[PDB]
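Please take these sequences and the hints and turn them into a complete structure.
There are 2 protein chains.
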Amino acid sequence: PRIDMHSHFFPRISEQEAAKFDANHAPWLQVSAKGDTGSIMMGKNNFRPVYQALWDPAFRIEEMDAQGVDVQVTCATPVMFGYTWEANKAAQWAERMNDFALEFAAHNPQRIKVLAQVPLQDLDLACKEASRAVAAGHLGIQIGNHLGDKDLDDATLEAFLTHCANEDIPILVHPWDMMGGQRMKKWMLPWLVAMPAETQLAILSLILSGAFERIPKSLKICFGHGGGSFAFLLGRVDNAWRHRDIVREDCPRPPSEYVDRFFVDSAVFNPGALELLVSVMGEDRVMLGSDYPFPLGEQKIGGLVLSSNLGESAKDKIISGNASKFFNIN
Amino acid sequence: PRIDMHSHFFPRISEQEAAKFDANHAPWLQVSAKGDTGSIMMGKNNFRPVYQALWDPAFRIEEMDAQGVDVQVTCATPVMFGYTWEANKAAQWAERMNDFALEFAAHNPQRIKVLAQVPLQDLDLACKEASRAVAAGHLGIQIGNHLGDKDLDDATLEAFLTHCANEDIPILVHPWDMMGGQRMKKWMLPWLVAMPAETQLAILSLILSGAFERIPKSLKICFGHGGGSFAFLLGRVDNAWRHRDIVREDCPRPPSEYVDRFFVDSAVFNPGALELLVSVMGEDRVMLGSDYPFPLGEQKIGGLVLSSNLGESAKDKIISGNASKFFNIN
Ligand SMILES: [Zn+2]
Ligand SMILES: [Zn+2]
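Chains as they are written, first to last, in PDB author numbering: chain A, 4 to 333; chain A', 4 to 333. A prime marks a further copy of an entry chain.
No lab work stands behind these hints, which were simulated from the structure alone.
Even for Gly, the Cβ is constructed at its ideal location relative to N, Cα and C.
Please note that a few of the clues may not be correct.
With the C-beta cut set under 10 Å, the calculated list includes, among others, these residues of chain A' facing chain A [said to hold, decoys possible]:
id : residue
1  : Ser134
2  : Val137
3  : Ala139
4  : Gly140
5  : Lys153
6  : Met187
7  : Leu195
8  : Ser212
9  : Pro274
The structure is reproduced here in structure tokens:
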């Protein structure tokens, strides 16, 4: 069988629905002109054109059959996170969005699994929504990689991971709200430079802060897009750790030794990069993920892993065996 | 023989010398307490502790003998760039610094080669200093990777590369003045996350802008630290280019096809990363570089390349043959 554990949905939310939370900032879906083109909206302004597989589970199931994807885990589009909003408002938003998700999956719950969002700007609310959404059927949580200037080393965010660790709740960390200023205005550079940097920064924030020394081993956590550039730049991190005490101050072992504490998806779009990723992380900690249905995703889902020269025992863990164990899927 | 083409110096500049350009912003060297520890200074404030190999060519030659480095190409520490200063002031600074460099190399010009800086905030001055410094003995130019929000696609910076291309002047691009805001305050994250991102951004700015379609093939240009994360994230760039017209708008061929237009050093601190780097760039376009004498440099210069399983014909191009041809060294 074949699991795709990285994919997005966006719910059919009317403009009126969105306007009851925040007319200016709550995103909604406009399936207009000829109803296979939509645009995520915000207030009266467009935000991103999207296509119908983002919102239509019946359509999506047929693309899945075409691709050969038995089970697809899917979760919020990051524009739905709402980490800027007032806490209680965002906890209500998260709850709605996660009901939408379970409604999306209900069309075929055996083949469409969902992960939840949480109102991460309030730790108590966020832990509550995580437990409630997993009880209601979500298989885990998807969070953005940072909360403004708080990166994953910040005690609030570490405490959220530790809550999920203590409840067997898995987490997918997705880059979002990208660093950069005004420098990456063309050619989708934020997605090519800032996004992998964001994800590396999140992994290094956990490692170099010594967060894995405090977070129980039971945490199941996965970083999108192969972990960004993390695996390629790891030798540079180890070298810095061996030669500067300020890099060692909170991290008592070589940084590269902490790759037995997390997972990455396989979406690196290159056979040599995949071979290096599996060399660094081990065949047990890479899961097939496509970023479906977005353009910078993998158009032939699983094609990179299947066409590699990894042993077939490795190919089976990545396309299937690892995400069965990680999310608890049959 | 063995060339190390990435290394830094800093001149014995007094505080009084620095204060005649700018007391607050011009950096100077304080070889104090016990004269093998110095600190780069700025005004009355410290900036970075450095050790004597940064400023002492006689000392440096003995470390070179110890390491087995026949020829070392060295260039400014990026804090000496002065890209913020008023143009004419900075052109005078650059000229002084480049005289210092030739004075540094004069102690053994056959084994110490120098690259120059330029006052990149004025294109006419910058082209003039490049030609004058190469005529006086520099083997090329080292520039920072961006000038504020102008990245290498900006016409000013492309015109500077094109000037050097048309005069057979080689260039080393070094990351500096790192993106990030207030998010990377600990554990030297700017050097681990922002620096490789900066260098990838510089390479992608040339490729995706179509600058290599305008810059003559004669340009010899090298990017520090293996090109940052560029080589690992290249498949992700190609995928984006195949699937979004805005990524193609200025770049008429697949981005990965432009790796025959530039060079990288070999400083990636990991055998798998080096193998992938040589797979992407080819054995002809990677040059041994150490970042000597800094802590995040390679402590056993050339040890990574020599201990690899590259063919010995590949090991010879990288440690020696490529930088002989790139800088014109015997
Ligand atoms: Zn995604
Ligand atoms: Zn350097």
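Hints versus structure:
A cut of 10 Å between beta carbons decides the hint on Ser134 (chain A'): the least distance to chain A is about 29 Å, and the hint is violated. Using the Cβ-Cβ criterion of 10 Å, the hint placing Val137 (chain A') at the interface with chain A is not satisfied: the shortest such distance is roughly 30 Å. Taking 10 Å as the C-beta cut-off, the interface hint given for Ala139 (chain A') is violated, the closest approach to chain A being about 34 Å. The closest approach between the C-beta of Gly140 (chain A') and any C-beta of chain A is roughly 33 Å, which is over the 10 Å cut-off, so the hint fails.
A distance limit of 10 Å between C-beta atoms decides the matter here; for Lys153 (chain A') the minimum to chain A is near 9 Å, and the interface restraint holds. With a least beta-carbon distance of about 7 Å to chain A, the hint placing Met187 (chain A') at the interface is held under the 10 Å criterion. With its C-beta approaching chain A no nearer than about 5 Å, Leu195 (chain A') sits inside the 10 Å limit, and its interface hint holds. Given hint, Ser212 (chain A') at the interface with chain A, holds; its Cβ is 7 Å from that chain's nearest Cβ, closer than 10 Å.
Nearest Cβ of chain A to the Cβ of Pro274 (chain A'): about 8 Å, under the 10 Å cut. The hint holds.
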